[PDB]
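One protein chain omitted, others in place.
To keep things simple, chains are lettered A, B and C as they appear, and every chain counts its residues starting from 1.
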């Protein structure tokens, strides 16, 4: 139980007008776990993450990091407490004047770290992220990932307990978003680092984090494991940003072959939405041989989170009508949403 | 028919410096089709697309457009040819000075049309993409996709046959990109717009294109229709572009459990790569039927084009050893690449 | 103050205003043309012609580099023959326009470069001639930058006109030089300072709203 938030409420007032960014929000984070917080564009996710590091001072609330109250620290004591919280941002936010060595070494120089203690720590922290070689290269000629790697190396210059990623994947290309997220995870497994996230994209939530929260209109709507969130959508909001955000292709070459009602010597087209079944459940396999039906996968997308299958599939199903009916029903009874989208 | 270019070559002159961005490349797009041209980082795709509209001048070649060549050096006769070849860029290139109404009007005000006549084509083209709602807003207000939507109506003001799209959906987010290309085909199949385009993402071509070609080092190393390009990807590079559309994972919950040498009571973790064999042959089910194994779909991405299923899949195959071996080899025999990633 | 002194400052406010506004107009008239020429004659732009930009830029650079009072005084012999007086407003505005043109020359070229490249291409995608683009895309897009550049070169001339007064010209420049330097009359001196500061805010604020309202 590392970082914890209790009834966080914050409002900024400009031009004799007050606005609620956060309204009574509590977030419990376990020690050494990755934690996502998704939300609507500027729904308070932007502000919420930085309440932990006290970049934004809370109007009402209590922030407990490593079992310590942050609001009571005032000025002098917070400087020491922020050593244990590293942070990296959407845009990579680093000094272009200093090289990667110096950029990672900067937070250590605030502690008056002597001589080569910084050389020992920087070189190895740079080796961790993947930047050896380029110790003397300036940020000017670094790529998005390369910059972000310096940023990760920089935030870990204090060997902190908690880490804060503000949309780190955002500016990175689909190829390099892989690497950086995997690097964060590799650290999570090695150092046992606690991590808080806020991401505008869903694919980030699937791959790394354990528990994901949904925050919209300045209040925490859902809090559960990723497994439970994508399986059972709970709120109508989360269901919108989860179900409507995944596929349903329905190719055109089949579209024109499609019918409304039955057809002489035909087969039903249907799609299977997986509601979070289980990986040990051999549904498509058992259904195929017990009922004697050919489930031909025309199109499919399904992802893994927390030991459960979920996604969508477009499939052709042949076999006897006596069988086909029962076949669909067996899956249905095992929690598989099945729509009949015409016949072929 | 139309938009048919003949062996265009061009040299990049800074000076005494000489490098050929384009070298002897022809392309023919039938009237009413979407033709993609994919390439590497600025490998001449950026230079090529605009040889049709004659933004940049070719050194050697001819270009048939609507059954006529523009290579004759016709001075201002390109006007109506340019009115019949519209364009939209990566950067929306809107006029900040003018409203969303006028941006579409400007190309039409260039032709000395009456103010009422222009009001006809604009109001309809605004309602086309869904801009009838925000008709008075400036470019500074409009969102990423909404800024492109006006650009689409912009090029269509003078009612062209051909529409050139230079990386149209590059700076747009996945959901917006999805809505834009959807609107691109809608306008394609309605009036029968001839569309030549270029994108660094193979996705864009994968999402919607009638034909595709891969440009590399200034040469066109592949040319075929989309259905046959996926079925016959001959080029060693062209396959690597389609290879990036697979988005496989082997998630972290598994990779921890993953094992090199087989241990007591486990199953092989398989990764099935479908080359594009058939949607009619039900291999995944019939292999479970035949050898009594369970293909548990951990995660998969598979798509349909040209009368066949393709893509990748990740599963854990349960059951007897001799059966697993038979089944897994059966799939190989039936043209499915199977790879044991480890034991789990 | 005094009885007639007040009515003398009235001429000064006028004379100072008259020199600045006319220098601006005659400045922009001879500068904006060389300003758009300087934009297009960049090797990357439409006309190309990298040969002339090696000279056309250098000649504007050499003028603008000269301090105004050393220009004004060196330009006396030349100003004597043009206007045929050597003194006063009508004579003074020539040195003002000569010194202020290079200033706007580069600023217009700079403010016109703030427009996005590729808006130039989309303009060729529609098929307009290079004079139509300079008419209805380049100019009206950079307009908020031009009126900002107008505001700057208007107020700098108010300062040039001050120094104008110290050498032969009329305006508050002289009144300040006359009652402050030779002997210090606080009332008159403070008034010339207040008038000019008040004058610049009225040029500033007028320029601000014409820049704000054109957006």
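The definition used in the following text is that contacts are C-beta pairs under 8 Å (C-beta built on N, C-alpha and C of every residue); 3 or more make two chains touch, one makes a residue touch a chain.
By the touch rule given at the top, the unshown chain touches A, C in the complete complex. Interface note for the absent chain: among C:13, C:66, C:152 or C:214, the touching residue is C:66. Interface note for the absent chain: among C:6, C:197 or C:206, the touching residue is C:197. Note that of A:37, A:87 or A:211, the residue touching the chain absent from this view is A:87.
Contact between chain C and the absent chain runs through residues 62, 65-71, 73-74, 76-77, 158-159, 162-163, 166-167, 172-173, 176-177, 180-181, 184, 189-190, 192-193, 196-197, 200-201, 204. Residues of chain A in contact with the chain left out of this view: 53, 55, 78-83, 85-87, 89, 91-98, 106-107, 109-110, 138, 140, 154-155.
Assume only the chains that are shown with their structure count from here on.
Our note on geometry: chain A versus chain B, Cα centroid distance of 27 Å, whole angstroms.
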